[PDB]
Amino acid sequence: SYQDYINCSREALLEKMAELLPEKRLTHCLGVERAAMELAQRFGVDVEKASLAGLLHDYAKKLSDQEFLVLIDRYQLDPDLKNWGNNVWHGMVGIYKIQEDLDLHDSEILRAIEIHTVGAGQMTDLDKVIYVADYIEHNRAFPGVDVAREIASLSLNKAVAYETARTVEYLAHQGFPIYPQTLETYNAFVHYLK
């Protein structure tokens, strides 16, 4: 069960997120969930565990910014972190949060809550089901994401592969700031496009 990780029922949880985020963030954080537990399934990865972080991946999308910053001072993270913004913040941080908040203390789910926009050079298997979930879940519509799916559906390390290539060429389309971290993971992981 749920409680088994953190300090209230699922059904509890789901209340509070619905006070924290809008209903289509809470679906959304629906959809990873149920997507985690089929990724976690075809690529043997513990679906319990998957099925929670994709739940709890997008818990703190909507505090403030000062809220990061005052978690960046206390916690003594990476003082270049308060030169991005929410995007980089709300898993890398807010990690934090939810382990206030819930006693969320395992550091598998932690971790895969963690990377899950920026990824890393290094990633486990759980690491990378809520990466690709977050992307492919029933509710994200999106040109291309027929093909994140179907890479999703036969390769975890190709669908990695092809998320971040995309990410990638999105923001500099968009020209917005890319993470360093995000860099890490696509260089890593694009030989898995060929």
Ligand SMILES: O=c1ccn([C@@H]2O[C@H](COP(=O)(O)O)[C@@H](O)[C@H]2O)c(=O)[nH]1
Given for the second form:
2 protein chains.
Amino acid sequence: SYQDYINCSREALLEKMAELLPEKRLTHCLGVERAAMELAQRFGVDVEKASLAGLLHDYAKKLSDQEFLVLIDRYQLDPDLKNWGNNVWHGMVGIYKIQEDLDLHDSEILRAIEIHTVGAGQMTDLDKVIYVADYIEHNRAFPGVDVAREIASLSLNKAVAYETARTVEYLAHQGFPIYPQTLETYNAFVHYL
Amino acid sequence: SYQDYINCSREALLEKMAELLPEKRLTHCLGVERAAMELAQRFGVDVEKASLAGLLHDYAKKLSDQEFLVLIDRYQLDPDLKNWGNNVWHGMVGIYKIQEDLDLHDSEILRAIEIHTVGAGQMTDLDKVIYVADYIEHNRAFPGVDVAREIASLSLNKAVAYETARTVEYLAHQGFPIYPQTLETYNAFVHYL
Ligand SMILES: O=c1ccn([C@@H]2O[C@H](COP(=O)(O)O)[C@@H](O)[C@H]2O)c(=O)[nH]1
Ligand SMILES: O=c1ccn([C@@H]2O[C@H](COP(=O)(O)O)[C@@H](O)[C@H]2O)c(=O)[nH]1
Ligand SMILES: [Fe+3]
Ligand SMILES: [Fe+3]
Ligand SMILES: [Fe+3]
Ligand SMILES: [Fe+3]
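Right, the form deposited without uridine-5'-monophosphate (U5P) is done; let's see the coordinates for the form deposited with uridine-5'-monophosphate (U5P) bound.
Everything in the complex follows now, all chains and molecules, and the chain you saw is the first one.
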């Protein structure tokens, strides 16, 4: 059960999350919970760790800059992190908030949440499941999501590569800064294409 | 004169380069020589250093992997460099070949050639002139070159930003690895957009 990892039932979690998140963001999280379960089953990952990580991955989405900045100091994280924003922080720093609120201590789940936005050059199968599930969950409809879904039906590594390539391309297209760990992920996975 | 920097006249250089390079690549280099002069004049860079760096920037374009690998060892460069290829090497390693053949010792010219493909987070005005001149030289016709030309007519920094953004976008589009120093350049310059 979820209580094996956090300090409340799935039902009570959803109630807590309904406070913290707009509906669309909660619906998304429920989408990722389902998508992560299906991927985990296909690629030999613990379906329960995947489901929970997937539901939790955007938990800290709506924390404010101030809190993140507080969390960076409190936990004495990489000081470079202050140079970035919500996109980077919600996973990379947001894990500390999850840990505070829900008493989550499982290292594999925490890591999968941590790098769900930017990945890493080395990713566990659980990390990849969350990273991909986030992208392909049934509520998303961005052009090319169908291709991501097909790829993910066949290869977890190739789905990581495709998603990462598309994010880097889109961020450069938009003129947005790109977190250097994202490029670590890109270069590590791009051969899979 | 060019002989103030290298060990032969411009004429004798062009003869040497005509041996080393296909016509199209030499025509390109002549294009960059002209474009660098015009940019240098507009943005207060030594027109002669710019012209020479521009003519020389793709000198080592057609060295083979073997030679580059030789040069990496000989000059005890970053060992990580062996993991890459011609795109990265021709400027970053190719400067050592230029130095061998032409007795080029000027640090500013050497640096501008060194990073002409990937840039750096910190670039001198001369570095930027070569980086941009390479992209906008009159022989190039890629779609959007007109926009690069307009931008470069107004702002060197913004032209660096535009070029870098487009390269990162294109490489991700193509599924090609991206040299991490390229992202250093991207993140350093992207605000200028
Ligand atoms: O290095 C990165 C990677 C992703 N994003 C952006 O941050 C958002 C949050 O990503 P995700 O957590 O929805 O995957 C995405 O929309 C993506 O465009 C960045 O700003 N930098
Ligand atoms: O980090 C980079 C930057 C550029 N290139 C590619 O290498 C080529 C050489 O660049 P340039 O020296 O013509 O600018 C370009 O066509 C570009 O697509 C890379 O492979 N990696
Ligand atoms: Fe997220
Ligand atoms: Fe998400
Ligand atoms: Fe070049
Ligand atoms: Fe060139």
